[PDB]
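Trainee: Residue strings, one per chain:
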Amino acid sequence: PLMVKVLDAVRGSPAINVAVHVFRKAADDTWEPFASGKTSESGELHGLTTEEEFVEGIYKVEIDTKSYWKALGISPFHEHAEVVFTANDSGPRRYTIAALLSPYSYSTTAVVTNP
Amino acid sequence: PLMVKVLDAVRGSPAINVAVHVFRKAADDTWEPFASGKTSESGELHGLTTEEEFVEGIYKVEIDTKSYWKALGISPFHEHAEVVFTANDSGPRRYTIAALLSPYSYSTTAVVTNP
Amino acid sequence: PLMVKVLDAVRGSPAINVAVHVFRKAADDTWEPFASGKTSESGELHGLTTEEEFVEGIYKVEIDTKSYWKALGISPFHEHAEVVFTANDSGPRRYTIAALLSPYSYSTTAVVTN
Amino acid sequence: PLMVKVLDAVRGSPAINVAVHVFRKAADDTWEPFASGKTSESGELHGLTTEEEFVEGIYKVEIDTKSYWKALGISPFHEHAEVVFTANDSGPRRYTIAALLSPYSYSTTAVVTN
Ligand SMILES: Oc1c(Br)cc(-c2ccccc2)cc1Br
Ligand SMILES: Oc1c(Br)cc(-c2ccccc2)cc1Br
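So the sequence lines, in the order shown, correspond to chains A, B, C and D.
So that you can map any letter, position 61 of the first sequence is 61 in the numbering used here, and since no number is skipped, the others follow by simple counting.
So that you can map any letter, position 110 of the second sequence is 110 in the numbering used here, and since no number is skipped, the others follow by simple counting.
So that you can map any letter, position 93 of the third sequence is 93 in the numbering used here, and since no number is skipped, the others follow by simple counting.
So that you can map any letter, position 79 of the fourth sequence is 79 in the numbering used here, and since no number is skipped, the others follow by simple counting.
One should not assume that every hint holds.
Below, a sample of chain A positions facing chain D; criterion: calculated Cβ distance under 8 Å [said to hold, decoys possible]: (1) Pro14; (2) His80; (3) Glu82; (4) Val84; (5) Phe85; (6) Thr86; (7) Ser105; (8) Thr109.
Which chain B residues stay away from chain C? Per the calculated CB distances, all over 12 Å, these [claimed, not checked]: (9) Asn17; (10) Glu32; (11) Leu48; (12) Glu53; (13) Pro92.
In case anyone wonders, no lab produced these hints; they're calculated from the structure.
Ideal placement from N, C-alpha and C gives every residue a C-beta, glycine not left out.
Let's have the full structure, built from the sequences with the hints guiding it.
Mentor: As structure tokens, this is what we get:
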């Protein structure tokens with residue numbers, strides 16, 4: 001129920017091998033590690049979680065954009081791109097978090113569907 | 001080799017039933033109709049053309065955003081969103097033209113792959 | 001009542017010396033030249049028109065993105081970026097058309113105020 | 001040396017009265033409060049800091065997008081929009097952090113000039 005997709009606006013391509021870390025806000029207001037992975041050759045990261053594990057909560061998806069750009073010889077502006085949202089608070093949903101990256105800019109959107 | 005994908009930034013959803021018209025610049029510098037269709041329930045429009053038909057040229061993809069918004073009770077800013085590009089000028093490629101729509105804004109990107 | 005602003009998402013800067021052409025849709029559906037200029041050091045193009053001249057109608061703002069990227073030695077995707085809209089007298093009076101440019105992408109918005 | 005600008009992609013307008021908090025990363029990796037304010041009628045927040053105070057380091061700009069949409073009676077996706085970056089003295093001296101807001105999306109860019 002959670003997929004992350006990352007595109008490169010410079011190359012016109014998927015952003016491949018981008019590290020993504022997901023956190024969930026705990027009862028004591030700290031960000032607890034929830035899941036992590038890397039985008040594939042399609043720019044997509046699947047398999048982060050399961051419908052059982054992905055309970056209601058506040059989640060942070062951190063996309064490690066700086067590491068991505070530095071490898072292309074670009075010293076970029078941002079440290080990362082973070083997307084913070086409440087999930088599943090009206091019951092289970094499927095979420096795609098998409099990010100379109102440039103060295104000094106990004107755009108992010110969510111596509112939320114009800115299975 | 002040509003796919004168009006349209007997302008709605010207000011609803012967090014695919015933009016469904018969006019009309020798309022594709023034109024190709026003719027030898028006399030006019031825009032000739034090339035293909036057309038509507039996005040599906042996934043926001044995607046497939047099957048516009050074939051690799052044989054999609055020769056080198058300058059193409060315009062016109063996405064009829066105004067008609068889309070007016071149906072949601074939004075009087076939007078733009079008449080349409082147009083994407084104009086040279087295709088296949090170094091040999092055949094596959095193109096995804098993506099657009100993320102808001103009433104007064106859109107973002108568009110291309111993902112170009114070599115089969 | 002019309003300003004155009006262009007920004008560069010690769011360099012994090014205004015997009016300077018970008019050609020901008022504005023057209024008005026004529027009664028026969030062709031695009032007639034209306035205004036043009038080049039963005040300034042701030043990425044802005046002011047003074048395109050006046051309140052008297054900028055009557056209701058459909059306008060097109062064409063931004064020459066391809067020449068901008070080529071001058072930087074970067075290969076771009078689009079031929080240009082086009083923004084097509086209706087000017088409406090019942091709305092607010094001042095229009096800013098902004099474009100944020102990347103080689104294979106652009107974002108555009110309108111800021112319409114009184 | 002730091003300005004924050006926020007725009008509304010639904011209404012085509014500045015995003016007015018949006019709370020903005022700026023933090024500086026401390027030596028122990030926590031975020032210490034640095035500056036805050038509310039965007040003006042132009043969607044801009046000026047006067048957050050001074051050249052003397054704005055030393056090299058990692059900063060976070062947090063924009064309270066959820067309250068903005070809620071005030072408009074619109075249900076949004078994000079809790080807030082965060083922009084995290086390093087201030088660098090070898091670059092140009094003035095930073096504009098801009099955010100273009102929609103209920104389920106935002107675009108952000110940096111314009112860094114001398
Ligand atoms: O499958 C997607 C694609 Br192709 C592009 C985008 C996109 C993200 C930001 C701006 C424009 C398009 C999003 C998704 Br989902
Ligand atoms: O002064 C502006 C800045 Br700085 C950024 C934008 C902007 C445009 C498109 C996407 C994100 C920000 C618009 C304006 Br007027």
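Trainee: All the hints need checking, so say for each whether the structure fits it.
Mentor: To see whether the hints hold, each was checked on the structure:
no.: 1; hint: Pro14; verdict: 19 Å, violated
no.: 2; hint: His80; verdict: 6 Å, holds
no.: 3; hint: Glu82; verdict: 5 Å, holds
no.: 4; hint: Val84; verdict: 4 Å, holds
no.: 5; hint: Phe85; verdict: 5 Å, holds
no.: 6; hint: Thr86; verdict: 7 Å, holds
no.: 7; hint: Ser105; verdict: 4 Å, holds
no.: 8; hint: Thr109; verdict: 4 Å, holds
no.: 9; hint: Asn17; verdict: 21 Å, holds
no.: 10; hint: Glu32; verdict: 16 Å, holds
no.: 11; hint: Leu48; verdict: 18 Å, holds
no.: 12; hint: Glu53; verdict: 21 Å, holds
no.: 13; hint: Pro92; verdict: 16 Å, holds
The structure shown violates just one earlier hint, number 1.
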